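Below, each chain spelled out in residue letters.
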Amino acid sequence: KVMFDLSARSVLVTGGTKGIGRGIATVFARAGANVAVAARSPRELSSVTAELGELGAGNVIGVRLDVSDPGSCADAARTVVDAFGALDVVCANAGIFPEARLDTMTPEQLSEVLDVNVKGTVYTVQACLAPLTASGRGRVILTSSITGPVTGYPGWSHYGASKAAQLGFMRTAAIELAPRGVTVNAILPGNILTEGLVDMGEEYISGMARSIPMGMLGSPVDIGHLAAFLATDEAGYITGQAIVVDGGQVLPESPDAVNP
Amino acid sequence: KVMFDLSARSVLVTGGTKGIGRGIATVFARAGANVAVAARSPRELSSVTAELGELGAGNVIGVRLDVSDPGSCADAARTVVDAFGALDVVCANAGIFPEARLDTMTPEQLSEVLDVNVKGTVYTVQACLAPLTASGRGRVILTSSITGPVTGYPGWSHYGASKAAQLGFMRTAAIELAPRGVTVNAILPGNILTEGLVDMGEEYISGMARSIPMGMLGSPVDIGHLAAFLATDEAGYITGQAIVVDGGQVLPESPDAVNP
Amino acid sequence: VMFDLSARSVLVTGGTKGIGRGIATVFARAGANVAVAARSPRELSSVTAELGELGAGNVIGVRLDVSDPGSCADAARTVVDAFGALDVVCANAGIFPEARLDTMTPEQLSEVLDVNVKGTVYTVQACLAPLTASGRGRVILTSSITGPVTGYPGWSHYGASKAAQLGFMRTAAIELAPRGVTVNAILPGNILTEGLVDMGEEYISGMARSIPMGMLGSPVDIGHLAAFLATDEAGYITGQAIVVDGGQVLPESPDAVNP
Amino acid sequence: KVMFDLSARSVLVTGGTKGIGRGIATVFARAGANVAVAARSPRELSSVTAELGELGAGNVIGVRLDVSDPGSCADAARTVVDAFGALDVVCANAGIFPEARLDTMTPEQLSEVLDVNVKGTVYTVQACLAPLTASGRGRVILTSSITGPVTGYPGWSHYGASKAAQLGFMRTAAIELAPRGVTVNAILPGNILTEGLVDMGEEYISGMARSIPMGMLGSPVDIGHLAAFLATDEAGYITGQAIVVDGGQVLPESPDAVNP
Ligand SMILES: [K+]
Ligand SMILES: [K+]
Ligand SMILES: [K+]
Ligand SMILES: [K+]
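Residue numbers (the authors' numbering), protein chains in the order written: chain B, 12 to 271; chain A, 12 to 271; chain C, 13 to 271; chain D, 12 to 271.
Simulated from the structure, these hints should not be mistaken for lab results. Hints should not be assumed to be uniformly reliable.
Capping the alpha-carbon separation at 30 Å, the derived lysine-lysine pairs in DSS-like fashion look like this [as the list claims (entries may be wrong)]:
1. B:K29 x D:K29
2. D:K12 x B:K12
3. D:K29 x B:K12
4. C:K29 x A:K12
Residues from chain D that face chain A, not an exhaustive set, calculated with beta carbons under 10 Å [to be verified]:
5. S83
6. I216
7. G218
Looking from chain A toward chain C, a few residues come up when the C-beta cut is under 10 Å (computed) [said to hold, decoys possible]:
8. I107
9. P109
10. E110
11. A145
12. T183
13. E187
14. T194
15. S230
16. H236
17. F240
18. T250
19. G251
20. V256
21. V261
22. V269
Where a beta carbon is used, it is the ideal one built from N, C-alpha and C, also for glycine.
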């Protein structure tokens, strides 16, 4: 066999046109998988989706999806199974991170973050239960964060709640889905260089990198490669994990402990 | 002079008329604190609140509160500060735990659990920010659970998400509130004997106890005594903790590891 | 009386200085009988006199080398002979010398494991009989954020030892539960000790700037949590690792420390 | 451009002749790496070399090694560098797990477990520092366990201490080694089907399997495939992780929570 073969997989990546989701979609496309790249409006980035279509032997398409809308989740799952004939890997990756301190955070700001990041995760997994189950080797991969499960950051207590909520959901979902052969795992990115963050300059970037033992920010494909590994047949006994990808950022006790 | 003195405290306990919340209110009442016992409908259990009033030197009262309603939270905090002249301890305890497997869980079932358990926790803390800050020794204590942060239980993936969400919220909120002198901590109860559980008979209770190294189910005052400790001046350096109270239930590797 | 400790008999290892002395002090104030253990007879008579007047319990000093199992047995016997009981043990003794991974000698690694890990195991083992006889026995381990939570270049052996204590706890809590003994751990962050005061206020303020609470902790912060865990009221709490750090381990980066 | 290419790696696997260590060595051999398998006894060394030499394009050697002995560790690293011209992956996998209840455990029983399981790990990594650093892409992978970091098991408090100690070591070692390009990670196997468990018979194995959501015990290659992933260039931003491979064993709250 080829080790870590993903060429027979059919993958859904929510929030797949940008940032971390795009890194995840890129890796699956290079591995030869069918990949559905979902977005609120896929046509805004259709050249990205077409480019992914050139990277491997699988079929790559865009799908429209509002993750917070349970009907939209159900339509997208249906579309993907009609498209590929299967859906055996789900990367529930979509999420938002607007800023609000506790003394000003409105009920609407709190609800928006919980609707997208928590309900959107639950609805995405629920919509895909039947094809995940039918596959015999189903894989659920959640994009969480260090913020919430591990760290705090003033202005992001709702974001942190939402990212920790994904893990609480996972610890039960993994049990519900295990007898059907489905694993359920989470990836917790640290500081990842995205398209947004690049247009801020080498002084702001390397400033952030100074707190990271590895000495640089991560990339979207760092997240993508772990997701790819988790989706393989070879990872079928790994479930309920929360794996941090952060260049060692959360380890140092204090600024003086960052560098030997 | 007196170690762990709480006789000068003014405490709000949400969901305080029943179960764990009643255990927390009871301990604070015995310790001589002012205690506001909050409930969806306090009059249903006014005899409980009256009895608490006899346990110590503090003023004990009922307060109506729908934690999922941000206006209700604001009204209750105003009522409590008017009543006591202060509000320096908040036990954000209210929570529900209806059952729903992932294959049947409706958007409405998911939303209700997140609204009460997560939003209710956030709104309660937010409503109390001004008096917590004014005290200089503010205390926030969250009632979470082992289910979600530690364990899973088929039928409670939404409950687990909500209980883990409380911790993600805490890890940022503790940072936001620390310079104002406020600590933010959580208690994670295991299997606690409440009224409901009592009715189900000694043989069903003894059956659950067999998985617990300590050999019995906990009581609501086990939770209350930890909350009381966390509220003391003596606990002013403890923040952001998630402390499990479970008689060692989460420790054994398997059934044969439960007893030596 | 809520949280009554006046009927307790407590052994505190490394009890004559810093965190250990903070633990001993709180138990003494609470009215418990307290035995402080150390290697130095001079530090013993001095701390014993200090603690002796704080409450209604008796205070003794005990010579102890925690890395020696025979010395541990002697200490438990000495404590039981003096108090008639031994129902709380604070396994607190530990060392923290620096050694980078590329220079760390077998002697440096072995010493840290012998004192911090083996010393913890031998202390608990020596106390098993009186802990069991009490019906309400309490074991409290002094661990650290370093190892279980954080890393710090120079302290990989120390971190290994502090994490080892928790691995030990998670099983010991189960073996001892049916005897009525709880087994818990406290993980101090940055606590103000004598060696830190000597660094001066600029150095201390610099450390405090990474801590949300805005200051370093106190030995009695550890003492008060140990006292709570020893009460009858904490009888359903076992196998916990509780961090006491003013939120130091929470911020994501320097910019996240202050709102 | 092969994703997850390991064909240029030179790998030392301590305790590599049996059980989990052999599963690790086998996966790396299949992926085309040079593999040195180490054991305390010289007995199995020639045979494992002929057997694994067959599996891929790399070379396989057997190394006699007492991990508790610093000089033996230094000799092993030298042997590997002489044979392969490099040493860029070390799997510090050797460990022992004899039983000893707290009330009978001798100084000798405690010391032996700490010497092999903890000191053996430190000395292995230390002996490999120079070639790990020279490679530019060094990888350290520790075999820990759920027992210690997560669970308790009467009779294994020394074992659990040793397995947790590896992780305390890791959280600092990962910081010290990061600027040299070396990642340091740990795998925590749950219940893996080994020879000894097979010899107990199917009823015993089935009994164990009923506590596992996945419905079966794992295999040594489950550990080996994760080790292989961690060793890739693609996992270069992952450090300080403790990843559990257990089929969901540590998730259920109680026996009734294992199956939905
Ligand atoms: K293609
Ligand atoms: K009263
Ligand atoms: K006295
Ligand atoms: K070969």
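Evaluated hints:
Between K29 of chain B and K29 of chain D, the direct Cα distance comes to roughly 45 Å. Violation of the 30 Å bound is thereby established for this hinted pair. At most 30 Å may separate the alpha-carbon atoms for a hinted pair to count; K12 of chain D and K12 of chain B meet this at roughly 17 Å. Only pairs whose Cα atoms come within 30 Å are accepted, and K29 of chain D paired with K12 of chain B is accepted, the gap being roughly 23 Å. Distance check on the hinted pair: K29 of chain C and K12 of chain A sit about 23 Å apart at the alpha-carbon level, within 30 Å; holds.
The criterion of a C-beta within 10 Å of any C-beta in chain A is not met by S83 of chain D, whose closest approach is roughly 32 Å, and the hint is violated. For the restraint placing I216 of chain D at the interface with chain A, the shortest Cβ-Cβ distance is roughly 13 Å, beyond the 10 Å limit, so the hint is violated. Because the beta carbon of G218 of chain D sits about 9 Å from the nearest beta carbon in chain A, less than 10 Å, this interface hint is met. Checking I107 of chain A against chain C: minimum C-beta separation of about 24 Å lies over 10 Å; hint violated.
Against a cut-off of 10 Å between C-beta atoms, the interface hint on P109 of chain A is violated, since the closest Cβ of chain C lies about 26 Å away. At a threshold of 10 Å, the smallest CB-CB gap from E110 of chain A to chain C is about 25 Å, leaving the interface hint violated. The beta carbon of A145 of chain A comes no nearer than 17 Å to any beta carbon in chain C, farther than 10 Å, and the hint placing it at the interface is violated. A distance limit of 10 Å between C-beta atoms decides the matter here; for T183 of chain A the minimum to chain C is near 8 Å, and the interface restraint holds.
Here the hint on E187 of chain A is kept, as its CB sits about 5 Å from the closest CB of chain C, short of 10 Å. A least Cβ separation of about 8 Å between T194 of chain A and chain C falls short of the 10 Å threshold, and the interface hint therefore holds. Using the Cβ-Cβ criterion of 10 Å, the hint placing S230 of chain A at the interface with chain C is satisfied: the shortest such distance is roughly 8 Å. About 4 Å separates the beta-carbon of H236 of chain A from the nearest beta-carbon of chain C, less than 10 Å, and the hint is met.
Because the beta carbon of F240 of chain A sits about 5 Å from the nearest beta carbon in chain C, less than 10 Å, this interface hint is met. Interface hint at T250 of chain A: satisfied, since its Cβ lies 5 Å from the closest Cβ of chain C, which is below the 10 Å cut-off. Taking 10 Å as the C-beta cut-off, the interface hint given for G251 of chain A holds, the closest approach to chain C being about 5 Å. A distance limit of 10 Å between C-beta atoms decides the matter here; for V256 of chain A the minimum to chain C is near 5 Å, and the interface restraint holds.
At about 8 Å, the closest approach between the beta carbon of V261 of chain A and any beta carbon in chain C falls short of 10 Å, and the interface hint on this residue holds. The criterion of a C-beta within 10 Å of any C-beta in chain C is met by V269 of chain A, whose closest approach is roughly 7 Å, and the hint holds.
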